[PDB]
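As a plain string of letters, each chain reads:
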Amino acid sequence: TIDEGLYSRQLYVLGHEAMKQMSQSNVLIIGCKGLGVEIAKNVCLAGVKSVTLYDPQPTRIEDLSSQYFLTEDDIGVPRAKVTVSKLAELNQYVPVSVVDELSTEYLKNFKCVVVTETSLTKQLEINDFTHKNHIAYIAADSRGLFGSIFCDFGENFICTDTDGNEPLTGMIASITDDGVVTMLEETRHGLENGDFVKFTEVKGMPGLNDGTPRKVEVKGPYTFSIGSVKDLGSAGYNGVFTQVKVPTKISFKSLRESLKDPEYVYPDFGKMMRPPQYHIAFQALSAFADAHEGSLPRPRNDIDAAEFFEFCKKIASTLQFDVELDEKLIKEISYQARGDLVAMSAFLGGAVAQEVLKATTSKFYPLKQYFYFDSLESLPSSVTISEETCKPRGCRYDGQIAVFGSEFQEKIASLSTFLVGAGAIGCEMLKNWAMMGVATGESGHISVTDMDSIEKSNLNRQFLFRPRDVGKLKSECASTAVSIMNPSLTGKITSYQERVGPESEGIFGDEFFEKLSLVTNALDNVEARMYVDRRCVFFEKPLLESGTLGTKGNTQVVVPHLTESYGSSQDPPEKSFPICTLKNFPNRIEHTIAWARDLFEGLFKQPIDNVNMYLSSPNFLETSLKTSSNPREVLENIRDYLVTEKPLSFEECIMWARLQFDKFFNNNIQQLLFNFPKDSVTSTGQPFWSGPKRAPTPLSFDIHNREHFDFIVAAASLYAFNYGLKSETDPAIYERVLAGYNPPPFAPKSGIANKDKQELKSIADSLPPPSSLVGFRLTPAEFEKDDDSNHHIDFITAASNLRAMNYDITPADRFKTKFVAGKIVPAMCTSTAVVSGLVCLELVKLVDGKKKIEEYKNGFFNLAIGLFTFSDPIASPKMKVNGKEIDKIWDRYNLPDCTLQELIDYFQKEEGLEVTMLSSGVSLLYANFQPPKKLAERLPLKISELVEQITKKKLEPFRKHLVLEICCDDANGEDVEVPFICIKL
Amino acid sequence: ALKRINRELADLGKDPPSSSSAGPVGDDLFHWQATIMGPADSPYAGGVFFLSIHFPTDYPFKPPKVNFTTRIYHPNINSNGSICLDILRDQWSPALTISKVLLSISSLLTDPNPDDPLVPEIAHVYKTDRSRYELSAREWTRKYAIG
Ligand SMILES: Nc1ncnc2c1ncn2[C@@H]1O[C@H](COP(=O)(O)OP(=O)(O)OP(=O)(O)O)[C@@H](O)[C@H]1O
Ligand SMILES: [Mg+2]
Ligand SMILES: [Mg+2]
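Just so you know, the sequences run in chain order A and C.
All letters in the first sequence, in the order written, are residues 14 to 765, 780 to 1012 by the authors' numbering.
Under the authors' numbering, the first residue of the second sequence carries the number 2, and numbering increases by one thereafter.
I should point out that these hints are in silico values taken from the structure, not numbers from a laboratory.
Watch out, some of these pointers could steer you wrong.
What the hints assert, rightly or not - In silico BS3-like pairs for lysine-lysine, Cα to Cα no more than 25 Å straight-line: (1) A:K784 x C:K128; (2) A:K327 x A:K135; (3) C:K66 x A:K850; (4) C:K128 x A:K691.
Working from the sequences, and respecting the hints, build out all of it.
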């Protein structure tokens, strides 16, 4: 009963069983500050049964530093009471409540308990109970630029899935008598030692088809071993193996036990001696708060720092910790005790929400057990950070001023950022900017662009939108929501509905880009990422890239004249199958799904386009007769869809669907088996239908079968939609119409001048004239995966399953068909929160203007395994040109709008280089090998005039520069790379 | 992209391909029209086959789209000109030049591969009735690939 219209992207990460178990779990959350509200929001979006909040402390101004459900009108009201109402709107299936008082026994009502902003004594009291009653316990803490997470799921936690990867499967070539299983040619199994596999469709060794898992002993990238199969048989041929995943048992220790001997998780391996320091530091923080009526050390206070360090020494001595305390780091923890950053809150809230989901669903590998994190590299160094600057000012930015100071607040308040995209990452970034106070000054401004609209499936991880907003523009809704969160952003945000690309350079031109301070990408495709990267490189603006995929995520920073661009790296491309595999010889469900998509396009989209173009373009036939690769196909499509097979009712649509069933699932298979019989052999004597090729069998239409009826219904409905007829769904009419159908005879054909053009002309003149059909159009079918009433996914699923039945492939359901055909990218709210936190932690580095490349960090993480890693950005490559150091990426030539000859002479006389090629855009302006006449015609022309002449298009009035790519050779004839040219018009 | 394409074009210009001649269409560097000469020891002898090459925006990180324009009677080439070449669909790497692709296509024309065909009827004729396949190939290369 899962609402797949809302959890579409999340089910591809978790699954149906995981979410079913998740929707029966109760979560208690103690503490309703920024971290608590982040965790609660992520849990509510995830879809747990319910959430209960406990926070009786009255609201204060500083709490607004990272709490975005609190307004300045709520000062003096308990935080939970004012947060429950706003949390109840995120998801309609997840009730949210509040409890005024907590008792120990009450904790038995909840599947998971999350604790924030609670002293260590209360945490011990709660854990002593939750541990022995088998209740998952998570404790999170955020102090300035430091964070801590602790997980305790009980002594006998059972983890079904430990990495989140799909089970490995593959096709076997041969299995020896000693269990040596070999993969097909150039096929890697990917297994690891100790794995379990089950075999099926094994020839010569039926015993392995029972399904009992067997151990794996990897002997190489292409072969492994399963042990002794002597009794079962001597040798096995072909077959498919599938990995089997077995549950693991994880044993956690209580908080009291693990304080003495903790088990650390290391988010970074460059600093492996810190977590032992933070372990003492946080306990000292708790002790200090206990000794000062719950008051943390004041910001940048030396006396409190000394007292805190004395507490740290006492704690280290008491616990017999044989670790030398680092005074600088510990006192830094002391200074930022009262810090409250929205980026740290987002990062830790995403992590903790993922841990809660792990506790409820028993999936993925949890943190075991202490996770201490810091982003101390983000602390500004170009401003004054002292007790005077960091003292509170009685404003909503106190939690941030306590870490960065007022001068850095003034720096932030005058930012001019540009956010590309308004998806999940866009919404999170806008929330973080609103909380941080970005662009709240006189000279600040925010610009956000996105051309898409809000859909139902987007509400599962884009918390700034509501069901009443479905169908509206993302950018406007996001701007309004963030202006509601921070009223100071009223009039400081501009929203565009423009796609960022070559066609929008009149809006995002030189004037627009010259005023920015940084650009943040929130896109989902590589084309726009590359375009924005090129624009930033040209204008020399910092860029913040971030991406997610399921539970994985990464963030990258591009700094002018310091690091390399986004396009300097290469990622794996998309896998496209061979045309021969799809056309005739499929062996996986993906091939059949691709074939079904092609069939959909060729049946309901292309012929309609041809018919419409014929009825509109007066000279379409002549152009097609010599332009298209198959004019006969176009003419046949036009004839069939206009006169020959034009339906007059829905019964004719049903008959057409039956005919197409015969055409595509019964006759083409007969032709293929006539060309290549099942007993045929290759040129080397081996059987033809062996290995990757499966012998098909024609299908006979059975009305009672479910797949056949589904295909007929979908095809008839789509044909009626094409012709605008009234479709029906009652099986009675289909069964009545299809009963009286006589299949035309079909026998495979063995085969065995210029008159063809005469036949084409005869067909052409047989068509009705366009003038006789004015105002008549056929509606094409534009593929839409997200709608379940247009019969698109239904048709694709039916066709794919029928073709799988042809080739004896295991059919898939509509869920997997929608996943594959729609190119759906799995997405999660927790990953979005984590990437937003990391990007906002790099943003403060960008604002401070840090120069060294070691101070920036590109981040990668995988939440299914609890892996976090950070690495320095790659420096931009250097080069030697004319005995000078040139940056390959961030350097350019600035030249006037001189003539081509003058440009060549300048490059010859200044750089001592001979120009051999000059191009602009996708046109070759000048080449050394062109005939002399062409050059003599082109040489005395200006660059702008030359570009206009070659591209046959006048330059736009808003165009102010030209980017030219030049390849030149040195005096000796050696090719030397040079930076691009920036011609100023 | 542009620099790599121009380097390939210059390399073609410096050393003639003899049996091939590729060049940009008009002045566009992302659309080439290549020519292939039928091998002497093949049914397509004395034939000129025109191919259209479309370099993707991500070249050389994505394979160029190569499609025959002249009609050819080959087991691995269909009516739309699509070529069953492994180096153009999933084996593509940013290390293969257009000269290598043209050489591969010429070798394919030299000897077809009927065991993994793209046109099952032509492959069946090739495997069963070789003489009729030869006659049909000669007829097609005389009717379409000449003049
Ligand atoms: N070239 C572009 N210019 C501007 N905005 C873009 C561009 N390409 C993508 N976007 C926007 O980037 C955002 C990407 O976010 P996201 O992928 O989460 O949303 P979606 O694609 O609408 O959803 P889903 O992929 O889950 O169906 C979308 O708002 C999309 O409109
Ligand atoms: Mg969308
Ligand atoms: Mg998307």
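Each hint tested on the structure:
For a cut-off of 25 Å, the pair hint linking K784 of chain A to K128 of chain C is broken: about 31 Å separates their Cα positions. As the CA atoms of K327 of chain A and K135 of chain A are separated by approximately 21 Å, the hinted pair is consistent with the 25 Å bound. For the hint linking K66 of chain C to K850 of chain A, the alpha-carbon distance of about 22 Å falls within 25 Å, and the restraint holds. Between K128 of chain C and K691 of chain A the CA atoms are separated by roughly 15 Å; this keeps the pair inside 25 Å, and the hint holds.
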